[PDB]
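Colleague: If you want the building blocks of each chain, they are given just below.
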Amino acid sequence: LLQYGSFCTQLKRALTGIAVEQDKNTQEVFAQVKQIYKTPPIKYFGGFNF
Amino acid sequence: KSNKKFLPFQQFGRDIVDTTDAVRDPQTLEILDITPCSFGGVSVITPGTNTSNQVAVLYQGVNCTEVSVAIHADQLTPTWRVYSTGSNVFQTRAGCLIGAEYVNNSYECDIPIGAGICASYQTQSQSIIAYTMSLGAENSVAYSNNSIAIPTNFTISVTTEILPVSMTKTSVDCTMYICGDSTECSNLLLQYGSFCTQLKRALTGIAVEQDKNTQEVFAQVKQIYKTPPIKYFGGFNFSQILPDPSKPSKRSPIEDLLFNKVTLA
Amino acid sequence: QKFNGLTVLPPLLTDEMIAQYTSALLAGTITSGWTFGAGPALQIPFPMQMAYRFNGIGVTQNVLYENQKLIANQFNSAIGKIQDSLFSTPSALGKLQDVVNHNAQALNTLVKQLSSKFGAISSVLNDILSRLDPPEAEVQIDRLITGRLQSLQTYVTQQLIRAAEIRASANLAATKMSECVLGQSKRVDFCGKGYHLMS
Amino acid sequence: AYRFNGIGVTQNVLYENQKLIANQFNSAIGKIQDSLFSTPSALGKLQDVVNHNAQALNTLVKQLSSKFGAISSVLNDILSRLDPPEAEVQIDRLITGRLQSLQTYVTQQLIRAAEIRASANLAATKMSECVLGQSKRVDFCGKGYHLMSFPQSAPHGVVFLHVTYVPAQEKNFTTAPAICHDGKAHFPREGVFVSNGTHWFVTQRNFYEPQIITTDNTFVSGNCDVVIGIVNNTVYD
Ligand SMILES: *[C@@H]1O[C@H](CO)[C@@H](O[C@@H]2O[C@H](CO)[C@@H](O)[C@H](O)[C@H]2NC(C)=O)[C@H](O)[C@H]1NC(C)=O
Ligand SMILES: *[C@@H]1O[C@H](CO)[C@@H](O[C@@H]2O[C@H](CO)[C@@H](O)[C@H](O)[C@H]2NC(C)=O)[C@H](O)[C@H]1NC(C)=O
Ligand SMILES: *[C@@H]1O[C@H](CO)[C@@H](O[C@@H]2O[C@H](CO)[C@@H](O)[C@H](O)[C@H]2NC(C)=O)[C@H](O)[C@H]1NC(C)=O
Ligand SMILES: *[C@@H]1O[C@H](CO)[C@@H](O)[C@H](O)[C@H]1NC(C)=O
Ligand SMILES: *[C@@H]1O[C@H](CO)[C@@H](O)[C@H](O)[C@H]1NC(C)=O
Ligand SMILES: *[C@@H]1O[C@H](CO)[C@@H](O)[C@H](O)[C@H]1NC(C)=O
Ligand SMILES: *[C@@H]1O[C@H](CO)[C@@H](O)[C@H](O)[C@H]1NC(C)=O
Ligand SMILES: *[C@@H]1O[C@H](CO)[C@@H](O)[C@H](O)[C@H]1NC(C)=O
Ligand SMILES: *[C@@H]1O[C@H](CO)[C@@H](O)[C@H](O)[C@H]1NC(C)=O
Ligand SMILES: *[C@@H]1O[C@H](CO)[C@@H](O)[C@H](O)[C@H]1NC(C)=O
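Chains as they are written, first to last, in the UniProt record's numbering: chain A, 753 to 802; chain B, 554 to 677, 689 to 828, 852; chain C, 853 to 1051; chain D, 903 to 1139.
Hints were generated in silico from the structure; no laboratory data involved. Every residue, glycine too, gets a C-beta built ideally from N, C-alpha and C.
Restricting the straight-line Cα-Cα distance to at most 30 Å, the calculated cross-link-like pairs of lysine-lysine (DSS-like) are:
id: 1; chain 1: C; residue 1: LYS1038; chain 2: C; residue 2: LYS947
id: 2; chain 1: B; residue 1: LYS776; chain 2: B; residue 2: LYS790
id: 3; chain 1: A; residue 1: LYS776; chain 2: A; residue 2: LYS786
id: 4; chain 1: B; residue 1: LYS825; chain 2: B; residue 2: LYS733
id: 5; chain 1: B; residue 1: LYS790; chain 2: B; residue 2: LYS825
id: 6; chain 1: C; residue 1: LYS964; chain 2: B; residue 2: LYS557
id: 7; chain 1: B; residue 1: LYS825; chain 2: B; residue 2: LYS795
id: 8; chain 1: A; residue 1: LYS790; chain 2: D; residue 2: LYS1073
id: 9; chain 1: C; residue 1: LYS921; chain 2: A; residue 2: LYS795
id: 10; chain 1: A; residue 1: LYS776; chain 2: C; residue 2: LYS947
id: 11; chain 1: C; residue 1: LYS854; chain 2: B; residue 2: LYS554
id: 12; chain 1: C; residue 1: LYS1038; chain 2: A; residue 2: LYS776
id: 13; chain 1: B; residue 1: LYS814; chain 2: B; residue 2: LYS733
id: 14; chain 1: C; residue 1: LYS854; chain 2: A; residue 2: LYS764
id: 15; chain 1: B; residue 1: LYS733; chain 2: B; residue 2: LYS776
id: 16; chain 1: D; residue 1: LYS947; chain 2: A; residue 2: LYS786
id: 17; chain 1: C; residue 1: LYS969; chain 2: D; residue 2: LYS969
id: 18; chain 1: D; residue 1: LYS964; chain 2: B; residue 2: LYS764
id: 19; chain 1: D; residue 1: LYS947; chain 2: A; residue 2: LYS764
id: 20; chain 1: D; residue 1: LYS1045; chain 2: A; residue 2: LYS786
id: 21; chain 1: B; residue 1: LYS790; chain 2: B; residue 2: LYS814
id: 22; chain 1: D; residue 1: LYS1038; chain 2: C; residue 2: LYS1028
id: 23; chain 1: C; residue 1: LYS921; chain 2: C; residue 2: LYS1038
id: 24; chain 1: C; residue 1: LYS1045; chain 2: C; residue 2: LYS1028
id: 25; chain 1: C; residue 1: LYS854; chain 2: C; residue 2: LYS964
id: 26; chain 1: B; residue 1: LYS795; chain 2: B; residue 2: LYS811
id: 27; chain 1: A; residue 1: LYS776; chain 2: D; residue 2: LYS1045
id: 28; chain 1: C; residue 1: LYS933; chain 2: A; residue 2: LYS795
id: 29; chain 1: B; residue 1: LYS786; chain 2: B; residue 2: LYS733
Chain D is nowhere near these chain A residues, computed Cβ spacing over 10 Å in every case:
id: 30; residue: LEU767
id: 31; residue: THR768
id: 32; residue: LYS776
id: 33; residue: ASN777
id: 34; residue: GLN779
id: 35; residue: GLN787
id: 36; residue: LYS790
id: 37; residue: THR791
id: 38; residue: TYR796
id: 39; residue: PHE800
id: 40; residue: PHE802
I would like the entire structure built from these sequences, with the hints used as guidance.
Modeller: Structure, rendered in structure tokens:
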């Protein structure tokens, strides 16, 4: 198999790029805010139920 | 040992992928399960060589007891081995991590490892530490049903965004690449049909689209507008983005910096 | 079964962290409105924020201030119906199931491709090596090599083509998160059917 | 002033803070050059394209020294040391290997070109919507309330400079949804009712500027026994 060149390096590079992009997708969608906000202990909002 | 109910006439055993997983001993009728020996990937975690020469090693998808047992019996193929102090081996859902000390502080991620675990180079002397990634600062807003908050001042902010537009246009000649200038090779290659016409068509389409991209992005306007000779706009200063006449290529200072910042047969 | 040289890597963010991000977004939009998406978060009572949104869609505030109880009841019932609607519909999350099905199918095909002969005496290398001499074994080994290389190439090309589409979907989802959750949208049919209030 | 009016602030704010706004803009522009001048991974997006293209070309060229199960990777010596009936058996293997290499290169190039085209389409939309106009889509032309944008050209790409308005120095207040007067309810035309502890004013939403409550900036439209949380005070005619 060593006589066929360098197809396997290309295969590894392609798969690694795919994995890194997979992580970047979730990072871009969900990490919008920079603070971790908390809701007050008393859950009254004028009659709306969340 | 296996708990498979072999009927008295089978010998082997297969699974969905159709590979052998059970067998029967000929001399003593007994069912033995067969499992492949452990294998996996190895990752190396390092800071820059400008900083230090220390490294950490991650064996992917394996428990730490198996790697320790294999090391003690000398059955692990990568011959090099980390010192493996009693207090710098850690077990994560990504595998076994050797060479980093786990602390229970939370920082912003530096080098991603796995399921929420990151690694960094800290002076605590200097060493490599592993920790759980921090999501951000905690904040609670003072909610009430008769209270409001109103700003009393402002800030003018400027930010940047960078976007690619086009790439390089290339062309390839089949006969030169495959056969050079040999006539026998060309006659032999002529028997394969018309792959080269398709290759040429694909590359030509790519090049034309490359030109069309820049045309669509930049040729928005139909007039060439000019700024007045007197550059007074009520106190606003646009000198850093307007063209610079002294230099020959007529580029703004920021454009010069950008063109010198990118390095390219 | 860990296959033969094939492995699956875990994602960087766990489910708890994603839930924490979602909880922070909910708390911010409930206690601040749209202010926290452009700067510091500024508190405001919820009915007044609803009045702001009615004013945003072209209705005066007195309508909400005089129909507050009815609006709250309608919202509560509408939220209550969602759980039942999702609880008893078979093809509700087919979009998320298709990804898993496709990935499993591709992996299974790649593994199953290892029992083919590709015009050789056997599909097992061990017996070829154990019953033939070196000068005659390579003539059989090379055919297996070519077939398996072709299989890997096909798998990788298909994976790239699928990843492109997944990325486009994620970009759309990020735009929707910015424009429908952190603000009020005027684009028609972008954040639901009707006049958008919130998400 | 038009743009401040577009983001929801009155014109007198700019006409009275013109010098401060100009100074802030000048400093913000000045900082961009330093920020870009001393950051290593600033233009990684533009560098990745060049790196990928060079890598692909280098792989394609290097693939020419493989044998693909033949005696030699050079055609000249194969032709110079073998007879025609035996040379083709070696030439065809090289032909197959090199054809496979070309096919792989072309497929990869097509897949990359698609992504480049998507990026260029996004850049064109941004040029139309943030440079030739003022945008109301959130986080499309920067973080904050959009004012304007400026384009600059870069090798194989474009750079946008977004100018935005950010509130600062907030204060807390007591508020109410309506004012009761003479048995009539009052709602603000635009703004919000605010109280500093003892007196009531009406202010615009994004900037503190209290005013006296009058029949000129409120409308009545109702009665005093329906609104929840109504506060009763005086409204001057
Ligand atoms: C908000 O809605 C929830 C869900 O409908 C309410 O919880 C229900 O309360 C009733 C009466 O106490 C119970 O009989 C139900 O079993 C509860 N449901 C669940 C799923 O726990 C809740 O009471 C509502 N909030 C308020 C303040 O009324
Ligand atoms: C709004 O913010 C600006 C910017 O900070 C304030 O101007 C500064 O005021 C301080 C105090 O006098 C000076 O030391 C700074 O030199 C000023 N900065 C500039 C750029 O001139 C301004 O005072 C604030 N407005 C209010 C009403 O507080
Ligand atoms: C607009 O900004 C530029 C850049 O800050 C100013 O140019 C500077 O002017 C000072 C004083 O004349 C010099 O000391 C600097 O060396 C200049 N910088 C450069 C890069 O040339 C320019 O003066 C400003 N415009 C006005 C009208 O003040
Ligand atoms: C042969 O092996 C079987 C399997 O254990 C055993 O039962 C039997 O006694 C053996 N017979 C001889 C002659 O070795
Ligand atoms: C991993 O090793 C730990 C430490 O001995 C052990 O408790 C655990 O059962 C092991 N798990 C697996 C899956 O081998
Ligand atoms: C880190 O956090 C606290 C420190 O007091 C402790 O409860 C926890 O067990 C620590 N984790 C360790 C030591 O692994
Ligand atoms: C909200 O109003 C209710 C009246 O139903 C009151 O009891 C409660 O204290 C108010 N909220 C806060 C945070 O005080
Ligand atoms: C307004 O008062 C509340 C209640 O004490 C406080 O939590 C909040 O921080 C105050 N706002 C400012 C801007 O100080
Ligand atoms: C509130 O405003 C009134 C109106 O002039 C003023 O007389 C009073 O002193 C103010 N109170 C406070 C606490 O600032
Ligand atoms: C004005 O408000 C006070 C306090 O809420 C209330 O007691 C009074 O009845 C109101 N005035 C009238 C005329 O109802």
